[PDB]
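Trainee: Listed below, chain by chain, are the residues.
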Amino acid sequence: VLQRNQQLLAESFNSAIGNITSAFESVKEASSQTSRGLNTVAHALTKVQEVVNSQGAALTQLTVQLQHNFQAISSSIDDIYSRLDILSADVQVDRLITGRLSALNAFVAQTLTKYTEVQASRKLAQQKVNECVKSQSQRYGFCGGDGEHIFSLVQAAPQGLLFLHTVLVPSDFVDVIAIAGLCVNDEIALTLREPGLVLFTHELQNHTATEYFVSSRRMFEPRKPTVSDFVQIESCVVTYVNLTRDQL
Amino acid sequence: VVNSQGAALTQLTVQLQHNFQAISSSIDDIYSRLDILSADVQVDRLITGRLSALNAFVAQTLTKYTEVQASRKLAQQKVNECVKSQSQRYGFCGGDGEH
Amino acid sequence: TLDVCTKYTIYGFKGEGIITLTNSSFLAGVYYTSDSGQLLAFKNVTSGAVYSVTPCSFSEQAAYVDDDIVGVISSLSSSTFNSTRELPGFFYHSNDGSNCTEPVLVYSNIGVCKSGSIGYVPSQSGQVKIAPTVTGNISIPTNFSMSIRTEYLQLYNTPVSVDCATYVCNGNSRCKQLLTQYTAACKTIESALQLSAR
Amino acid sequence: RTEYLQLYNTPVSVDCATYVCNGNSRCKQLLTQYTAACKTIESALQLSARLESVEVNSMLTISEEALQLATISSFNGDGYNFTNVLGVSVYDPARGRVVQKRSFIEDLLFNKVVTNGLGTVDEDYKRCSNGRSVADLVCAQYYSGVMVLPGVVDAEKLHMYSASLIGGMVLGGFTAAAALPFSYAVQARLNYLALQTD
Amino acid sequence: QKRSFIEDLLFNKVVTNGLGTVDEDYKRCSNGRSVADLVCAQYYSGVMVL
Amino acid sequence: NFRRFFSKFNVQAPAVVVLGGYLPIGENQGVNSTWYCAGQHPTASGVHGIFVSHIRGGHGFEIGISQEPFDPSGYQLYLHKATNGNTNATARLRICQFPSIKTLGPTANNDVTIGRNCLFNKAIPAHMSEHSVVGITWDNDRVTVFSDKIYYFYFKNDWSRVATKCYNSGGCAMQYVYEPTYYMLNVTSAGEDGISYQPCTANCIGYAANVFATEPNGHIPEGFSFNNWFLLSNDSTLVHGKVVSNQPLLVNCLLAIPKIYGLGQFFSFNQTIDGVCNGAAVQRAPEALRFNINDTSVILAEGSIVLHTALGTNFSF
Amino acid sequence: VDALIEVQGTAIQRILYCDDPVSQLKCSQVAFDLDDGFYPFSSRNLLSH
Amino acid sequence: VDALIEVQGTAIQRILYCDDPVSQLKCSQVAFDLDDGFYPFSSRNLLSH
Ligand SMILES: *[C@@H]1O[C@H](CO)[C@@H](O[C@@H]2O[C@H](CO)[C@@H](O[C@@H]3O[C@H](CO[C@H]4O[C@H](CO)[C@@H](O)[C@H](O)[C@@H]4O)[C@@H](O)[C@H](O[C@H]4O[C@H](CO)[C@@H](O)[C@H](O)[C@@H]4O)[C@@H]3O)[C@H](O)[C@H]2NC(C)=O)[C@H](O)[C@H]1NC(C)=O
Ligand SMILES: *[C@@H]1O[C@H](CO)[C@@H](O[C@@H]2O[C@H](CO)[C@@H](O[C@@H]3O[C@H](CO[C@H]4O[C@H](CO)[C@@H](O)[C@H](O)[C@@H]4O)[C@@H](O)[C@H](O[C@H]4O[C@H](CO)[C@@H](O)[C@H](O)[C@@H]4O)[C@@H]3O)[C@H](O)[C@H]2NC(C)=O)[C@H](O)[C@H]1NC(C)=O
Ligand SMILES: *[C@@H]1O[C@H](CO)[C@@H](O[C@@H]2O[C@H](CO)[C@@H](O[C@@H]3O[C@H](CO[C@H]4O[C@H](CO)[C@@H](O)[C@H](O)[C@@H]4O)[C@@H](O)[C@H](O[C@H]4O[C@H](CO)[C@@H](O)[C@H](O)[C@@H]4O)[C@@H]3O)[C@H](O)[C@H]2NC(C)=O)[C@H](O)[C@H]1NC(C)=O
Ligand SMILES: *[C@@H]1O[C@H](CO)[C@@H](O[C@@H]2O[C@H](CO)[C@@H](O[C@@H]3O[C@H](CO[C@H]4O[C@H](CO)[C@@H](O)[C@H](O)[C@@H]4O)[C@@H](O)[C@H](O[C@H]4O[C@H](CO)[C@@H](O)[C@H](O)[C@@H]4O)[C@@H]3O)[C@H](O)[C@H]2NC(C)=O)[C@H](O)[C@H]1NC(C)=O
Ligand SMILES: *[C@@H]1O[C@H](CO)[C@@H](O[C@@H]2O[C@H](CO)[C@@H](O[C@@H]3O[C@H](CO[C@H]4O[C@H](CO)[C@@H](O)[C@H](O)[C@@H]4O)[C@@H](O)[C@H](O[C@H]4O[C@H](CO)[C@@H](O)[C@H](O)[C@@H]4O)[C@@H]3O)[C@H](O)[C@H]2NC(C)=O)[C@H](O)[C@H]1NC(C)=O
Ligand SMILES: *[C@@H]1O[C@H](CO[C@@H]2O[C@@H](C)[C@@H](O)[C@@H](O)[C@@H]2O)[C@@H](O[C@@H]2O[C@H](CO)[C@@H](O[C@@H]3O[C@H](CO)[C@@H](O)[C@H](O)[C@@H]3O)[C@H](O)[C@H]2NC(C)=O)[C@H](O)[C@H]1NC(C)=O
Ligand SMILES: *[C@@H]1O[C@H](CO[C@@H]2O[C@@H](C)[C@@H](O)[C@@H](O)[C@@H]2O)[C@@H](O[C@@H]2O[C@H](CO)[C@@H](O[C@@H]3O[C@H](CO)[C@@H](O)[C@H](O)[C@@H]3O)[C@H](O)[C@H]2NC(C)=O)[C@H](O)[C@H]1NC(C)=O
Ligand SMILES: *[C@@H]1O[C@H](CO)[C@@H](O[C@@H]2O[C@H](CO)[C@@H](O[C@@H]3O[C@H](CO)[C@@H](O)[C@H](O)[C@@H]3O)[C@H](O)[C@H]2NC(C)=O)[C@H](O)[C@H]1NC(C)=O
Ligand SMILES: *[C@@H]1O[C@H](CO)[C@@H](O[C@@H]2O[C@H](CO)[C@@H](O[C@@H]3O[C@H](CO)[C@@H](O)[C@H](O)[C@@H]3O)[C@H](O)[C@H]2NC(C)=O)[C@H](O)[C@H]1NC(C)=O
Ligand SMILES: *[C@@H]1O[C@H](CO[C@@H]2O[C@@H](C)[C@@H](O)[C@@H](O)[C@@H]2O)[C@@H](O[C@@H]2O[C@H](CO)[C@@H](O)[C@H](O)[C@H]2NC(C)=O)[C@H](O)[C@H]1NC(C)=O
Ligand SMILES: *[C@@H]1O[C@H](CO)[C@@H](O)[C@H](O)[C@H]1NC(C)=O
Ligand SMILES: *[C@@H]1O[C@H](CO)[C@@H](O)[C@H](O)[C@H]1NC(C)=O
Ligand SMILES: *[C@@H]1O[C@H](CO)[C@@H](O)[C@H](O)[C@H]1NC(C)=O
Ligand SMILES: *[C@@H]1O[C@H](CO)[C@@H](O)[C@H](O)[C@H]1NC(C)=O
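Protein chains in written order, with the entry's author numbering: chain A, 991 to 1238; chain B, 1041 to 1139; chain C, 645 to 842; chain D, 793 to 990; chain E, 892 to 941; chain F, 31 to 347; chain G, 447 to 495; chain H, 447 to 495.
No wet-lab data here; the hints were simulated from the structure.
Ideal Cβ placement from N, Cα and C applies to all residues, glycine included.
It cannot be assumed that every hint is accurate.
Unchecked claim - In silico BS3-like links for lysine-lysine, alpha-carbon gap of 27 Å or less:
hint	chain 1	residue 1	chain 2	residue 2
1	C	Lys658	C	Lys687
2	F	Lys152	G	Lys472
3	F	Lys132	F	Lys179
4	E	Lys904	D	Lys831
5	A	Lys1037	D	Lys831
Unchecked claim - Computed list of chain A residues with no C-beta within reach of chain D, every gap over 12 Å:
hint	residue
6	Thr1036
7	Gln1117
8	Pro1148
9	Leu1172
10	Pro1212
11	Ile1223
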């Protein structure tokens, strides 16, 4: 709680938001193959840029087939009706209306077809906004990817939403020996209870440094163990150190 | 599924042989045997039909791309969660039993 | 005439291509056709020799960068570019035979640089996570930093409505009287449309 | 239990101009009136191909430690076989470098479902233009204009990816002298789900 | 409340002013005495953009 | 001086062309007022065209553009290049939305309407000489670069103020022009040696917008308003858009300011036309004839034209 | 000759010929400027008649 | 008569008649061997003319 971690994290966050905001503008100037990877700003911008024109399209061509003539003298029904006898004109306009209704049948078939996947995607999106934002998910890589989730920001985007997930990433590793457990008198096995915690010894007895500490498997917080964190077992193994009451 | 994905390409060649109310399906044959006018009309019919057929084909293409997109999303999720770590949801990995 | 592009008229079919001789033996038919209507293989009835024809044209791909044609990929060994490099399955043509370390256009494992060199894209190396252990040696992470990721999703689409009666007829009375015979399609389309919208 | 999933599909490209006209000039001059459909279809095709190729190449994550530990020698089986799953090491082809080949089960399944010479393997298009042979089906749509793009990911890449993925569990500490026994990992998982005294 | 920096940037980047994203006033289509745009064309045709 | 400036752009020897624009006139030829905007009969509309010839510091040359109306929706021009060397004079030229500063110098905020990145981002070679200068000119949609080979760019925007990063420059080193001028150019040498640059007297605007330069390949030169040209349409016309079609654009020879057709000039669709071509000439059979009509009354009063058909029929207008 | 014409208020401007493979590609996409990428081209066969 | 013909290098082999409901089903699927399963059949009506 010495507050240097807090300021380091805050300044790193400010620098990261600054450079991502810069990357929003002129991304292609210094974009690499890694910069255009999955869950990157370039991928999102190109996806939205293409999808906005994709959704804005598929309407202009609907007017086109009206000009098309279906084996008739002309595409204008008023032109045909007032120039030729009622019989063949009626037959030709029947052909015209049948073709036009078939075309709009195909169009409307495409419409609810489009509605289906947006239904499914909106279901997934509401799930994700319910679970990754308002609370904390325990599934690794589910929110954002390949890292634990801390929090997210939500921004309105044309025809949808944009998610800005902040992922904490490690940069250094600490390599220490581990100890399986303890046996006092080689009948009383003193063993740690919760698997998420682990007990280690910093270095060895080479210079009388047999100090024992307990910490989580992701955070490096060496702290003194507590009696309530251990349990007693009647069976012992070779791997457990055979200590005595004086050294307890 | 392997034969299903390997199919849907052979029939694309088939409609080329189909004649759309024209003398013959070979444009070179028609152009050098009949006047430019009706030959142009017939080749216009041919190209319109062919472009409509390939429009249907390309419409089918991205339609296929959609569900493989969704399935690959699900697959990457499953490989991220059921393999590298241990899931706490009963029956989620494999089924009706702890993973 | 053989081994040259020529306008040929064989057995009532006329085409354009290069004709060549093949070392195949067949005792049936006079010509062989594919499912494309092309009479590729025909037999010399007097001698029994077989010949095959291929078009004098080809389709090829090009890689355009900046304001000039830099990359040409094809299956022919002749090209405008000075350098012709054989690659598994095809030929590449360029004006530079140097190394390609910073490709601009990348696809699969193949990348092309601005200068025109081609190369194999090295495999991307991902992140690392430590497997669970209960004894021995553990690399506990520390000295964390930020990595902000982006995500975009859609939830809704723009709806559209239309009246079939006005679309198929511009206010005429006799036309709509004729249309009254077949109307269930209009009812179906509108019933779908407004229901989905609502 | 068994499970099978798909992630990618084979892409295809085509030139409309060559498909609708076999090199004639007047025909393409007439076609120039209506061309926006060609632009639409090709824009959709190459855009869709490029985006999926980029994302699938970004999907893969590779570790060299798993590459080191994937060998049979680097794996210390203890009551478990892992032989038909783990690949066969020390292979020296004409290249002269050690490579990884298929193991038992997958090599069985490829030769079961995939017939040799099918469309799964990459197709050399040079032979189509080489000539003096009876053209197969592939050259037919090559002349037509249908281009079958090479697979975005090679099978060897998938196999080495699988080898890397399966080696994650045995990955203990960094620069481990010896791989941790699988029985220890099984004990670790059993303890993680619940405490045990046996 | 108005738009902040990033979103106001992205709207003006991807959306051109006067495009179909903004609501369209259909009164001008019936007002007349002007060269009808594309929107009035499908308005006369019967296509209603909700 | 002016010879190099005229020789920057190439023109065929058998051609005479009148150029109109904010051409350099004097080192310190400037406005007598403080107005910078444009209105009715605009002359003092700021620096319409700027030219650089000399430096005092020598570190480099930088130019940028702005406007008093201060509309951030449009583009902005910024260029930088290094002097003391022809090879090192590769100018980096940018028509982009630069955030810059709302004021002059790093004292205020930036532009918050810059969503898209840029449009024009190029490197253009340049050369340094005593009589060679580098310039930029803007006029309505057109913008032109007087450096090496000519540039024409089409974009509707407004600009009224010019900024130079390098303050170490004398008054005569920079030259700003604000009033268009008309000059008749006549280069009968197929090279940099121009015969004369006498100013035009009458019919200058019409001559400028009607005279071409027949390229050796027959292509039409760039930089034409095409005021007296229309698309060839059988029915209807495209109000706005783009299209590709076969049209009568390739030219074999061009005749302007004519005198000889008053003697019953004869044209045949078979043989190449005879006359003083506007530069290069191509020996090809004509396909169609295009007429640029100045005055209808000349044809109405005494103009007599007869159409001779292949059959031999006569059609008198 | 065949060329790309852009009209704005019945005004002829920005002419562009197509007697070149680069020009042919440019006017095959009715775009003055084309983004970097991969495009198909047809082998020349008009040299010999 | 109507029968299923398989050609390999312009060689006639593996003849198979279709004068039988089993043979009719066999040559309705151009397969010499058919997997076990459910298939449709049409009632005979050629007995009486
Ligand atoms: C998580 O992040 C922290 C912060 O960076 C790391 O702590 C640093 O560790 C590295 C390497 O272990 C240190 O680098 C070297 O450390 C030597 C000994 O460290 C002591 O002295 C430094 C002051 O120099 C103290 O900051 C430190 O706490 C120790 O008390 C130094 O002698 C080295 O000095 C060299 O560099 C300096 C410039 O920094 C020169 O002036 C010297 O002349 C000499 O060339 C060097 O600094 C680093 O100092 C540590 N920093 C801090 C703040 O502790 C953790 O190691 C890391 N966790 C991991 C990797 O698991
Ligand atoms: C703290 O102290 C305890 C108590 O010593 C250590 O636990 C181990 O305890 C055993 C039993 O006292 C020690 O003896 C070893 O027994 C192992 C299993 O018992 C077998 O004994 C005989 C002989 O092997 C078998 O026939 C019988 O079926 C049992 O299965 C054996 O595996 C060991 O044998 C080793 O030595 C013999 C020679 O005596 C060799 O022939 C064998 O091949 C093998 O190498 C042994 O007999 C054992 O020594 C104790 N372990 C240790 C490491 O000393 C805890 O391990 C200790 N904790 C720490 C941290 O040191
Ligand atoms: C290959 O095919 C091309 C066209 O199909 C033919 O034309 C040119 O050939 C030259 C000869 O190698 C090549 O271009 C030359 O490159 C030289 C070295 O390149 C380096 O340096 C330049 C900058 O100078 C960098 O841009 C480049 O990336 C390299 O780092 C240059 O020195 C040359 O410049 C010289 O050009 C002329 C002619 O030599 C001189 O008079 C000039 O003064 C100047 O010094 C030149 O740029 C390249 O292959 C082709 N050029 C282009 C633009 O395509 C070749 O004949 C053919 N064969 C070979 C072997 O290239
Ligand atoms: C992750 O954790 C596991 C579990 O402990 C390690 O496995 C053992 O790790 C310990 C400590 O890391 C190892 O002990 C070390 O042995 C190394 C061997 O190098 C020397 O070995 C002999 C010993 O004298 C020398 O003769 C020889 O020339 C080698 O130079 C050394 O790092 C240490 O031994 C001695 O090395 C030098 C040179 O003698 C001395 O100056 C040192 O002071 C030191 O005394 C050290 O003792 C043990 O061998 C490992 N055993 C097994 C079975 O793995 C993993 O190694 C660890 N992963 C790592 C560290 O990457
Ligand atoms: C508006 O409406 C008018 C109708 O009034 C259209 O005018 C037609 O335009 C087309 C296009 O040019 C004309 O077609 C041309 O006919 C020429 C004459 O044909 C003779 O020569 C060919 C061999 O080329 C013989 O097969 C034939 O039997 C005749 O003997 C053709 O020669 C033209 O093709 C060739 O022209 C030149 C000749 O060298 C080549 O350079 C060309 O590349 C091309 O190969 C061409 O087909 C047609 O005659 C016109 N009709 C009339 C009545 O004038 C307009 O096109 C239409 N649109 C517009 C915008 O105006
Ligand atoms: C450049 O300007 C000069 C001057 O021409 C003047 O302006 C024109 C618009 C006309 O009105 C001319 O009548 C007027 O003088 C021209 O170049 C020179 O033109 C003279 C013509 O007077 C050429 O002399 C010719 O010489 C030949 C060979 O001896 C005689 O057969 C002719 O009868 C005539 O006398 C002279 O060679 C020519 N010199 C050069 C260097 O151009 C010209 O009009 C104009 N340039 C162009 C390309 O038009
Ligand atoms: C130019 O006009 C000539 C003659 O044709 C005339 O014009 C046509 C438009 C029609 O109205 C005709 O009824 C009318 O008579 C033609 O050129 C002639 O033919 C060739 C073409 O170059 C040339 O001479 C020829 O040379 C060959 C080879 O030696 C001989 O075999 C021929 O017999 C002929 O002599 C020459 O230009 C011209 N010759 C003659 C004798 O007139 C052509 O039709 C037309 N167009 C062109 C030349 O492009
Ligand atoms: C949050 O991020 C901004 C940058 O995105 C950090 O700097 C801020 O930058 C802007 C523009 O450069 C400053 O605006 C200022 O406007 C005045 C006129 O009112 C002008 O004279 C200045 O030259 C400048 O353009 C803004 O003041 C500045 N914010 C500051 C200095 O606090 C900002 O520092 C970041 N904030 C934090 C808490 O990290
Ligand atoms: C309609 O047009 C045709 C051409 O398309 C005219 O035919 C041409 O007429 C002129 C004079 O009428 C002829 O010139 C004559 O040539 C002879 C020598 O052959 C000469 O002795 C005469 O003094 C005169 O100059 C020319 O030959 C002739 N050309 C053809 C191909 O017939 C026709 O005259 C026009 N109609 C009328 C009513 O003028
Ligand atoms: C520079 O290039 C040579 C050969 O040119 C190409 O190199 C690659 C880009 C690839 O496209 C090859 O197919 C080309 O021939 C390189 O020599 C090759 O190196 C690769 C591995 O780097 C090896 O697999 C090949 O067998 C080598 N071929 C030969 C003929 O030696 C060379 O390594 C490149 N240099 C650098 C620094 O990358
Ligand atoms: C993040 O932004 C800071 C400035 O705020 C910059 O110095 C740093 O290089 C950026 N990081 C990356 C990875 O671009
Ligand atoms: C055919 O014969 C052999 C293969 O059978 C081959 O090497 C030879 O070149 C061919 N001859 C031709 C095609 O004339
Ligand atoms: C070119 O030379 C000039 C000398 O004044 C120098 O200022 C400039 O930086 C140089 N540029 C390059 C690209 O070398
Ligand atoms: C042209 O018209 C004029 C009318 O003034 C006449 O004098 C002259 O002779 C005509 N030319 C010819 C060749 O007929």
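Trainee: Next step is simple, just say for each hint if it's right about the structure.
Mentor: Quick rundown of the hints versus the structure:
no.: 1; hint: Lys658(C) <-> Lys687(C); result: holds, 16 Å
no.: 2; hint: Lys152(F) <-> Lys472(G); result: holds, 19 Å
no.: 3; hint: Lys132(F) <-> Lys179(F); result: violated, 33 Å
no.: 4; hint: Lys904(E) <-> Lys831(D); result: holds, 24 Å
no.: 5; hint: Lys1037(A) <-> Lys831(D); result: holds, 19 Å
no.: 6; hint: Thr1036; result: violated, 7 Å
no.: 7; hint: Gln1117; result: holds, 21 Å
no.: 8; hint: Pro1148; result: holds, 19 Å
no.: 9; hint: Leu1172; result: holds, 15 Å
no.: 10; hint: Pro1212; result: holds, 18 Å
no.: 11; hint: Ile1223; result: violated, 6 Å
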